[PDB]
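In structure tokens, the next block holds one chain alone, the form deposited in one PDB entry.
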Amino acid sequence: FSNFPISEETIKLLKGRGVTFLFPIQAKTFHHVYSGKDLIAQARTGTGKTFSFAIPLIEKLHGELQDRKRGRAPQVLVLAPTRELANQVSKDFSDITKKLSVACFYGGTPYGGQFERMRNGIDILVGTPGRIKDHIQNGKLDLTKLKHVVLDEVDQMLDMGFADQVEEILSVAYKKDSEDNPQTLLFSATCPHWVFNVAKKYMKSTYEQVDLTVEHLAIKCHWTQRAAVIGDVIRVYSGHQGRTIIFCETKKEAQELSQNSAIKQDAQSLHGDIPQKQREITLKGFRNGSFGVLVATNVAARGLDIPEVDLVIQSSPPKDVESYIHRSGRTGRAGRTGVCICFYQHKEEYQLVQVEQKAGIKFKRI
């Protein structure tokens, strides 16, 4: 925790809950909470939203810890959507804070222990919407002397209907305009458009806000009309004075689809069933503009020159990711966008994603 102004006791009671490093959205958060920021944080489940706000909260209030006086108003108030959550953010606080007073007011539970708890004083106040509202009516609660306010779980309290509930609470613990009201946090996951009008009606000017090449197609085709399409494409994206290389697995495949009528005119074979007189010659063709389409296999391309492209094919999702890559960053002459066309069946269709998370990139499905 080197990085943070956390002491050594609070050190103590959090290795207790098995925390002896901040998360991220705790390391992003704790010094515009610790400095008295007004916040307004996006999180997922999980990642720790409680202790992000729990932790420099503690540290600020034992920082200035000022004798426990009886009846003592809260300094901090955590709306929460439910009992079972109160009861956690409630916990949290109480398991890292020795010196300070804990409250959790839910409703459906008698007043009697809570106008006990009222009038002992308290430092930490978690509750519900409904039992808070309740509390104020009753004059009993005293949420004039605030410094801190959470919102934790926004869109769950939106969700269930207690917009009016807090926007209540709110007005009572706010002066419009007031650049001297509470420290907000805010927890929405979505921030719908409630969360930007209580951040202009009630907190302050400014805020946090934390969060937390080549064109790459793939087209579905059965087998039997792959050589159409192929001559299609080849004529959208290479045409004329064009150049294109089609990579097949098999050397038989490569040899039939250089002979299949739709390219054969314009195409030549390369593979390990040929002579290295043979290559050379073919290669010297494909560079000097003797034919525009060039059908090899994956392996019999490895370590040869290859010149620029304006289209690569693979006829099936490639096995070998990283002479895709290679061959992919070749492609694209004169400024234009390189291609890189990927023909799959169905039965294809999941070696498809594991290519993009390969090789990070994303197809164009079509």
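Numbering follows the first chain given and starts at 1. Under this definition, the rigid core comprises the largest set of C-alpha atoms superposing within 1.5 Å between the forms. First, how it differs from the form deposited in another entry.
Among the candidates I55, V312, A41, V33, the CA atom that moves 2 angstroms or more between these two forms after core superposition belongs to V312 alone.
In a rigid-core overlay of the protein, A254 has its C-alpha displaced by at least 2 Å between these two forms.
Residue displacement note: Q357 has its CA displaced by at least 2 Å between these two forms (rigid core superposed). With the core superposed, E9 shows a C-alpha displacement below 2 Å between these two forms.
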Given for the second form:
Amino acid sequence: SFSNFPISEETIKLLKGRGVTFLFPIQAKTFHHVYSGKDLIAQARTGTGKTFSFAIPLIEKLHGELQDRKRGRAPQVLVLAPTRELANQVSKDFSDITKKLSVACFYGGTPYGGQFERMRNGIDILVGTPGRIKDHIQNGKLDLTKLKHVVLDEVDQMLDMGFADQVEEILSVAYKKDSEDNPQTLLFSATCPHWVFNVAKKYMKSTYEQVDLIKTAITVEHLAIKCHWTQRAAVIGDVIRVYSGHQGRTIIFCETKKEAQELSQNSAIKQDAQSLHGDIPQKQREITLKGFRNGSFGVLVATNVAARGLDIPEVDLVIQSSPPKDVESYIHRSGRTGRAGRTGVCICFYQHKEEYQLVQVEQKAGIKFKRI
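Swap state to the form deposited in another entry from the form deposited in one PDB entry:
This part shows the chain on its own.
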């Protein structure tokens, strides 16, 4: 339900056709900022709902404001996205939830004439890629001097791809006034490097708001699996398939060389595993780590002895064979899990006689395990 937000019954019915029945956190925490006219930078992980976080409050805003839509009117909202595929998706999301507003999407690799006719007939929300939008400014057909809202979607990707200069050329036309008359500026992305914000800041009022759901996100899950030591190898095979699977990276830490050597020879993982312990001379240790990084094998079994000082690559899954005594090392290893934006998984095995040790790890690391 939508009781906390000024969303009309018409919009709610369209949202149901898209499977939307309540607002995700990034949407709920940004609605009032966007709707009330504040400049905003919002950061949330990929897939968490950034598109509707700007599209729903903007559409409700325009539905209240643009009661008299004349032929030829200039857009009120501009959304720049870095690829044709991303621009199309954002435009589709707008046009699925408003049947009142004129929504247009301008990208390259497509005819100019149809875009000319959208501009002649009138546009309320313009979505596009920077290149084609800049072309239409230069050819004199697109009027961006009456914008009230500007969205830079996936702004990190957009500037990484080289669009800073084209974006600045487009926005220079729309921010010709002093601040109070400038468009509201909305930035949405999963990251915002320093150098990207240094570009965008030029278009943000000093009063801008920030919603960062990255800093509060659960990016590493801690699981504790109660297990007799004889079953560990078979369970390790299962959790590797679940959480690392194809093309994955797993590192297993154990106490003794015998455990590390036997675990790496166990038919549950042997075909994809190499071991690392204090008997291995430096040169082969280095060779083994290069093969772990370059995909030669997917499971590294290391004694806590060999792991002291070792530089740990990013991995999908960390497994501790028993609750670690060196919680500092555990905290460090857990921070290495989760690749390509995915949530990392750390698994601690434990036996009945080790259950209080799990509580000690929880206290010393300030975490809580999910017990399985």
